[PDB]
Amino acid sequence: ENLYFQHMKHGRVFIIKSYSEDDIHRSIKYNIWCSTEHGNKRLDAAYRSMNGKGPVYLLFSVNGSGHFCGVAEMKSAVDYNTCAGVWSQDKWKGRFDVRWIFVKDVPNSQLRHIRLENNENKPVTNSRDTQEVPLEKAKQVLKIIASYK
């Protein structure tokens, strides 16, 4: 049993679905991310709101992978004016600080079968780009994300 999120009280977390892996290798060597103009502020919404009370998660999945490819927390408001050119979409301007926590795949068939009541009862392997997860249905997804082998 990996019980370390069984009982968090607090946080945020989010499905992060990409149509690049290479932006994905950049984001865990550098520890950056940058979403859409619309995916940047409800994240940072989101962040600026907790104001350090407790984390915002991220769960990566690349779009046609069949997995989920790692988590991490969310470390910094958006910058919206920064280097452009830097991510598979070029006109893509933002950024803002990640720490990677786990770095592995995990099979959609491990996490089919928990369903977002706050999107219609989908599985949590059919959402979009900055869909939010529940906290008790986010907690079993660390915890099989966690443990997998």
Second form
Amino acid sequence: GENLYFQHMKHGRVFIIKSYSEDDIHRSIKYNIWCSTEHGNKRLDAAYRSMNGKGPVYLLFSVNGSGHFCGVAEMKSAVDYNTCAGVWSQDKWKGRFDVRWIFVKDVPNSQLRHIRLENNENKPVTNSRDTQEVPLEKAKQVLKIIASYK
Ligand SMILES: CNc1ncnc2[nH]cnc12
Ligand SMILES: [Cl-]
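Having seen the form solved without N-methyl-9H-purin-6-amine (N6M), could you now give me the structure of the form deposited with N-methyl-9H-purin-6-amine (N6M) bound?
Let's see the whole complex now, leading with the same chain.
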């Protein structure tokens, strides 16, 4: 058989999201919202707005030190930078944007550590920092691995 679904798109951008907090992951799944750092929010906002709805901005979530990704979400709005403070575990985040979680599933780093990022010094995708962008051809490979893991 074959899965040629992901191997076909050109308009799409994909970012790693790191979270120190398991509580924040749960709150994001529950309420379909997220917030990054200042520079992270700016990165995501720029990608969402220049995508202008002609493709998805995907977010690959991983809790720092957990050893695995925990799921996939799509950005669903621009960054609102002036919102209620202290809704996350730490009060160091300013703003909010909408997401839609697509997959909630733990995927061990062992399944993904062979994919390396030419834009991040050929480092494994599993050694990324928050809002590291993933080149589309590597992003396709990661997404197929996540969707097929069981
Ligand atoms: C709510 N946003 C976050 N929560 C915990 N850790 C992080 N690292 C980057 N963004 C976050
Ligand atoms: Cl704003």
